[PDB]
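Peer 1: Take a look at the letters that make up each chain.
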Amino acid sequence: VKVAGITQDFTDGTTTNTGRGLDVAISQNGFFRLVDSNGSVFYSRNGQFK
Amino acid sequence: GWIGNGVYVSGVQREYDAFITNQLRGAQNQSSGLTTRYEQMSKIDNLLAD
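Sequences listed follow chains 3 and B, in order. The first sequence runs contiguously to residue 101 in the deposited numbering. The second sequence runs contiguously to residue 101 in the deposited numbering.
Incorrect hints may have been included.
As the list claims (entries may be wrong) - Which chain B residues face chain 3? A few, computed with CB under 10 Å, are given here:
#1 53
#2 57
#3 59
#4 63
#5 64
Simulated from the structure, these hints should not be mistaken for lab results. The beta-carbon is built from N, C-alpha and C at its ideal position, and this holds for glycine as well.
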């Protein structure tokens, strides 16, 4: 055999409350847009913004 | 992930309305003035009594 694949699930958040005024998570599908030191555009659902 | 949500608290609530209190304030005003004046007069009538 040979192996070739990386695939992921996208069911929604095991949900948790914090009340910190910058924790943001998306109910239902959709992702965020973030830019690095070079502006490189990356995408994530992590909500720990500061 | 494959979720089922729990519960959380929607802040707090209070039993207050802003119109029944207005009536209350006006009534209090009228009543207080009338009370004080009457009882002063009652004092003077104490004087005239004997």
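Peer 1: Each hint should be assessed against the structure and marked as holding or not.
Peer 2: So, going through the hints one by one against the coordinates:
Given hint, residue 53 (chain B) at the interface with chain 3, holds; its Cβ is 5 Å from that chain's nearest Cβ, closer than 10 Å. Hint status for residue 57 (chain B): holds, given a least beta-carbon distance of 8 Å to chain 3, under 10 Å. Below 10 Å, beta-carbon pairs count as interface contacts, and residue 59 (chain B) has one with chain 3 at about 6 Å; its hint therefore holds. Interface restraint check for residue 63 (chain B): the shortest CB-CB distance to chain 3 comes to about 14 Å, outside 10 Å, so the restraint is violated.
Below 10 Å, beta-carbon pairs count as interface contacts, and residue 64 (chain B) has none with chain 3, the closest being about 18 Å; its hint is therefore violated.
Hints 4, 5, counting from the list given before, are not met by this structure.
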